[PDB]
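The primary structure of each chain is shown beneath.
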Amino acid sequence: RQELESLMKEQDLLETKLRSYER
Amino acid sequence: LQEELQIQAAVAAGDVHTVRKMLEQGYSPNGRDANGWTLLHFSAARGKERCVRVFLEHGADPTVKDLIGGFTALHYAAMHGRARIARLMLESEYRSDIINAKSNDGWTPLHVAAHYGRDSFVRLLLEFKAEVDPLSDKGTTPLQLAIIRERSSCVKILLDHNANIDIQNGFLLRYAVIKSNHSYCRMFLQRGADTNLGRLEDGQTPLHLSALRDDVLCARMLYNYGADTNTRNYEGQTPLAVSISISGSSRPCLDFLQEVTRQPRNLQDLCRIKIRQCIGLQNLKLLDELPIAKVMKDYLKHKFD
Amino acid sequence: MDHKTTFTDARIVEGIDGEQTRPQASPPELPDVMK
Amino acid sequence: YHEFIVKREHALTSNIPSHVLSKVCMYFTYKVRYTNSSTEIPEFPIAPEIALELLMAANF
Numbered sequence: 346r347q348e349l350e351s352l353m354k355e356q357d358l359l360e361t362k363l364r365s366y367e368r
Numbered sequence: 012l013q014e015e016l017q018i019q020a021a022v023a024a025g026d027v028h029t030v031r032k033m034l035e036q037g038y039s040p041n042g043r044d045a046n047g048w049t050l051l052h053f054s055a056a057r058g059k060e061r062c063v064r065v066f067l068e069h070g071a072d073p074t075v076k077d078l079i080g081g082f083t084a085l086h087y088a089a090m091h092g093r094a095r096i097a098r099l100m101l102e103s104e105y106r107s108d109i110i111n112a113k114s115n116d117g118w119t120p121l122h123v124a125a126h127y128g129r130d131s132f133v134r135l136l137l138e139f140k141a142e143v144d145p146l147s148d149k150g151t152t153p154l155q156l157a158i159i160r161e162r163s164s165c166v167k168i169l170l171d172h173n174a175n176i177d178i179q180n181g182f183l184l185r186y187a188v189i190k191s192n193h194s195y196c197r198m199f200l201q202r203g204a205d206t207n208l209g210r211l212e213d214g215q216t217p218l219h220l221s222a223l224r225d226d227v228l229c230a231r232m233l234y235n236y237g238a239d240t241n242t243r244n245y246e247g248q249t250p251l252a253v254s255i256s257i258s259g260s261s262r263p264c265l266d267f268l269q270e271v272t273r274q275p276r277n278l279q280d281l282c283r284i285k286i287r288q289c290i291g292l293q294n295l296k297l298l299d300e301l302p303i304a305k306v307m308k309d310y311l312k313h314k315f316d
Numbered sequence: 001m002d010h011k012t013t015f016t017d018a029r030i031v032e033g034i040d058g059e065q066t068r069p070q071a095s096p097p098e099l100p101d102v103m104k
Numbered sequence: 018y027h028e029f030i031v032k033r034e035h036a037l038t039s061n065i066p067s068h069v070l071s072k073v074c075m076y077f078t079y080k081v082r083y084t085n086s087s088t089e090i091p092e093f094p095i096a097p098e099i100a101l102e103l104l105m106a107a108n109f
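Residue numbers (UniProt numbering), protein chains in the order written: chain V, 346 to 368; chain F, 12 to 316; chain P, 1 to 2, 10 to 13, 15 to 18, 29 to 34, 40, 58 to 59, 65 to 66, 68 to 71, 95 to 104; chain Y, 18, 27 to 39, 61, 65 to 109.
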């Protein structure tokens, strides 16, 4: 369901941004 | 230029004796690098607990949000499961300003801890009375982050602290059905998740999706806990109508749905439903305080199912 | 198209207040848990 | 086919105070009528105050 896809997009973004300091 | 480079290295090395020396001589603990990171951000991310404590003692502000997310030092502690560093910051005079602080996109420390499955850090935040269901900028609560990374233990902890199991009108049951996680489905049912909520986009219920995926075990658990067989989605289909958009019979899921969508269920279960609705599906320990027999209450709690 | 004693479908032919009200058509104080 | 009696085929769905037996009967009718039928099954209303007793009665 596209319901999950956006939620997973959001958790993608959480991980990207927390880890950005070494990127 | 020397002093900021030297205090940094003392922290990264864990040389806390130096850090206390420079603070006594007037070096302020409150500058920022180009990412907005303070020494409390650096100290928390690298796990340097002793450095963290002394920085606080000399006025280091833990509320500062970095320039790359609006994350606080407590967010980066939440990420790496650094409970002890976090417990220091939560014992400081800034507890109520940091405990629920939101990043730019609305993630609190509890959001971060639940997402990474940091049990201790989740108990920590609830120990200091963090809000259990803060909303992200997309409407997401921490439990939902826990749910979708399948951090079962943090799921169990948040539900135990009264996280809304029915968030976004039954999304936890939706998740269990979409993934066919029957353990999750059974656990959310035994904990009282309401089975008769439709998603606000397409009005689908858990029973509806337990038919889109011909999962008879999900369909059965939902019905057995009282999912309504004639509720209709936004396109008018009942749950059985959904299984008929695939039709072709010959499968236990529509065979079960047929047998329950025509014969109205027992009066013993119809009274179970109304009593549990009257008493409230999230207040079902009030049933132990009722004037009935064990067998009767056993039936009420769906214990022997 | 469809005393101290008391139904059926439908004539007062009755071998024992159309002239919506359906086959489905003291209790003590409910305990405090169901209030 | 207080007191009451009905088609034994209605009571095939199975002389407890009056209020209980009153509706235990209304159920038998509603069951058969909507059993194996071709329309949406309306709600069988159960008032909360009689509900705990109607459950104990329903050995169904």
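Some clues are possibly wrong.
Claimed, not checked - Distance condition first, Cα-Cα at most 25 Å in a straight line; then the derived DSS-like pairs of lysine-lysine:
1) F:140 to F:113
2) V:354 to F:76
3) F:149 to V:362
4) F:167 to F:312
5) F:140 to F:167
6) V:354 to F:149
7) F:113 to V:354
8) F:167 to F:113
9) F:314 to F:296
10) F:314 to F:167
11) F:308 to P:11
12) F:149 to F:113
13) F:296 to F:308
14) F:167 to F:76
15) F:190 to F:140
16) F:167 to F:149
17) Y:32 to P:11
18) V:362 to F:314
19) F:167 to F:190
20) F:149 to F:76
21) F:305 to P:104
22) P:11 to F:296
23) F:312 to P:11
24) V:354 to F:190
25) F:113 to V:362
26) F:76 to F:113
27) F:296 to F:312
28) F:140 to F:296
29) F:113 to F:190
Since the hints were derived computationally from the structure, they do not count as laboratory data.
Checklist line | Index of numbered hints that the structure contradicts, given in increasing order | finding: The structure breaks hints 11, 14, 15, 18, 22, 23 and 29; every other hint is satisfied.
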